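Removed from the display is one protein chain of the complex; every other protein chain stays in position.
Chain nomenclature is as follows: A, B and C, assigned in order of appearance, with residue numbering initiated at 1 for each chain independently.
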Amino acid sequence: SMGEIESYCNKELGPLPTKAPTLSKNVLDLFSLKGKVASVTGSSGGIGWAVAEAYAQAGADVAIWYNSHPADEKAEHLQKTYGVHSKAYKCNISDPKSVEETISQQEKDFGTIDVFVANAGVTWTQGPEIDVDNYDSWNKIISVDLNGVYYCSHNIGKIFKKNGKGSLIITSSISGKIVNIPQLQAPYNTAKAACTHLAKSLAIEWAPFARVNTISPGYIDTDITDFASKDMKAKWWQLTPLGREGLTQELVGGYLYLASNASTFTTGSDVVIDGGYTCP
Amino acid sequence: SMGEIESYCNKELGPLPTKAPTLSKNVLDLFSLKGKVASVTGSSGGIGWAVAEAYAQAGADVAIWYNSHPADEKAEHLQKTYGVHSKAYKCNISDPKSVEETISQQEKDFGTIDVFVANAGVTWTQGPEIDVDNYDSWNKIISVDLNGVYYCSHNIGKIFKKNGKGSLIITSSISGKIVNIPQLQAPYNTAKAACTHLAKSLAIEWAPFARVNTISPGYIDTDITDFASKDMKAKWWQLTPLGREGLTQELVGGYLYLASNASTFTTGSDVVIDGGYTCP
Amino acid sequence: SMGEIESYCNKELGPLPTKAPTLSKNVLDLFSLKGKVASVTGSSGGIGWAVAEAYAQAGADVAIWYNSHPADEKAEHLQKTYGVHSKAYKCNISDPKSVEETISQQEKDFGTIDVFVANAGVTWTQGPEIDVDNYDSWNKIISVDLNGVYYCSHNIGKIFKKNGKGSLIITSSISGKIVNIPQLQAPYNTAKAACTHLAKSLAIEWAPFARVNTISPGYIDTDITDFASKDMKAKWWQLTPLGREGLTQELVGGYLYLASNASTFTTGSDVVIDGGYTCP
Partner (left out) sequence: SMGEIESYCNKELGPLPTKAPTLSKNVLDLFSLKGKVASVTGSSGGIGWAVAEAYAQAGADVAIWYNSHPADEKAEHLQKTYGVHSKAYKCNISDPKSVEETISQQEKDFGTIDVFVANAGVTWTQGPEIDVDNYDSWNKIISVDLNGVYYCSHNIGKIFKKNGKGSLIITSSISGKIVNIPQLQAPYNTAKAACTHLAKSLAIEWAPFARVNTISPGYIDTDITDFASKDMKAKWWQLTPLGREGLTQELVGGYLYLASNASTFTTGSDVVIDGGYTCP
């Protein structure tokens, strides 16, 4: 009207400046997720399972996801070792309607969702793209890595808007900032940069209620990278300052930092747990 | 075998170092495109038409592209004002098979293609993405902006490999590096950031024969941006160091520099003709 | 010799792959700094004091630094509220010899240093640089913001190498990635980008023993930004997705995450706690 300031990025923020949130006084009590539901996508893999366990260790009602590797002993293992409500859902991230059904079924069994981690995807292991004459492997990467992240984010955002709070954590890769040297995977790099910039784009629109960030890792030692020839894996160590492959336990710290109240001002950022690979 | 060096990025480069190309002595003679065919995608718009004319002015057999705005007087205008062979093709960039037909029909009427400019796309003008409940506008952006660029690049590369020379120029946007402040277009930013990294990824694989670059512009004064409300267009000038909107004649210099022999060492780069918008 | 791999970045890493560190199983126990000394530079200001308190809250022997605002009641307040050994040192960060004396006097009163935070600097508040005709304000910024960070890093590194472990945290600013729009501070932006890239450069060299990272913040509400006119401060909110100014308690989470064992794989990264300012 008159005398108030209106934002240039998102006009729905209201009369600026927006009131700052109330934060604890002890630093260690900021990272606690007590009384929060954390739906982690692809929580039946290498990085997803570690993040789900780390969120459960912080007292969170984690929701497990799987597609073809049934994970119901994983959900039960978190409901008896830490006493946090958990469940396992079978969803095809590439199916627009299945994602909606699987997320509306999580806001009902848990009451609400306060933390989301879009951490599902597949890798391109077909060599240079100029050798494949069928647009079926490219279409698959863009369907699970990029389109799936949008399907998950478009539905979870609706839950955050009504609640007015939330935190989305897209799991891109260093392929969204560099090009993998030994292997030639252009479709994979293209999809991960798309997710990395989509996380930033949603931050401006979700600023009023939620937050969006990225946890782009490096060459973590999961079931994804444990197929490459030792000759290929030898060129990864030679180009990593730390000179090794990160473990799944070296990522939980970054994932729990962007989901808790500790990162109450980090919006649309990119935490690069790469071991220094993107620096050279 | 022994004594020779093999590249870490692309093993097909051969025994390193690769021999440097032969370049003219006069700088002004490096920018000439005499005896070269330059197929410019979407050459019936604002930026495509200017680039096609600029390539024709440099003595190049430019090929015009259009989808729904017939451009045959444009192709004829370039065949009588500069004396360079030209033609117009109707292709749906979002159709995987139509692109193949339209590119194989250009390698036959011109003999070869030496310069390609994937410069076709559509903008997202639906406001914040959390308000559209149908994945039909998102699917369209990812089909014309991202998938179209891959269809154009996957076919043109097959022509460069046989010839051993070429230059691809993907026309991404500053949306691949920033988020447009006043308007909220997440699907558009995601698609352009995808192309900006696909160009880099293809540079590693096309290193042996061709080169790939990006001409990410700012807020150029074309038919794309001549619909936004003056209130929206007023926030673009306020956040641009140069404090105005660039013209289509201020982009041809960057397009002719990455297509000619002047940029014989610029591979996988990103020339940002934005007026300084990404700096603030 | 033969059969072992030697790194391309730093040849002192040894025969790759380097053995991964031993990490706790509970995520919340990774962030604990028990039995660690954390020397925080400029710990008598706005961000330095908060980081020192947060490190003390995590059970660390924090060392306070000051130049002209005596901080000895701050050091005592941390030695009686948390029971962690602490002390205050008066050092001129711009004096090469004083830094050496003040760091050597900290490795003696504490036994060792396990965490360092180069978080001292001054701001450029003289308007556009083309109006000052004396190279005395530019020389001051490059002496405290950039040269001081090198003096601190060149001496602290000599302690990490002997111990074989450590973590350096340079506090750059978003000015190392963008240009502050309303105010015109070129010397300040130049110095902060220098620190931001120096942190990355030292990561490759300190890879064998220590780690180096950056905590580039946004427009935090400290004594540095509480002088700008409300007209200037009104343009900061309008260009921040979160639409406000961050608090000093919203930065401790990032500082404690890059100093503890949680970030045991984050080397040469850049955690941007800006509220989304660098996104648009």
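As a convention for this text, a residue touches a chain if its C-beta (ideal position, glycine included) is under 8 Å from a C-beta of that chain, and two chains touch if they have at least 3 such contacts.
J.: Determine which of the presented chains are touched by the chain that is not presented, and list them.
T.: Across all of the complex, the chain we cannot see touches A, B, C.
J.: Given that one chain is not shown, which residue among C:50, C:71, C:117 or C:204 touches it?
T.: C:204
J.: Which residues does subunit B use to touch the chain missing from this display?
T.: The missing chain touches subunit B at positions 5-10, 13-14, 16-20, 23, 25-28, 30-32, 54, 57-58, 200-201, 203-204, 207, 218, 234, 237-247, 249-254, 256-257, 260-276, 278-280.
J.: At which residues does subunit A meet the chain that is not included here?
T.: 178-181, 239, 279-280
J.: Just checking the interface: what residues of subunit C touch the absent partner chain?
T.: Counting over the whole complex, subunit C touches the hidden chain at residues 8-10, 96, 128-130, 135, 138, 142, 146-147, 150-151, 154, 157-158, 161, 176, 179, 181-182, 184-187, 189-198, 200-206, 235, 239, 268.
The rule we apply is simple: only the chains that are shown with their structure count from here on.
J.: I'd like to verify one number: the distance from the centre of subunit A to the centre of subunit C, where each centre is the average of its C-alpha atoms, in whole angstrom.
T.: 27
J.: Go ahead and note the Å separation of the Cα centroids belonging to subunit B and subunit C.
T.: For subunit B versus subunit C, the centre distance works out to 41 Å.
J.: Could you list the positions in subunit A whose residues touch two or more of the other chains?
T.: Counting only residues that touch two or more other chains, subunit A contributes 8-10, 200-201, 203-204, 239, 268.
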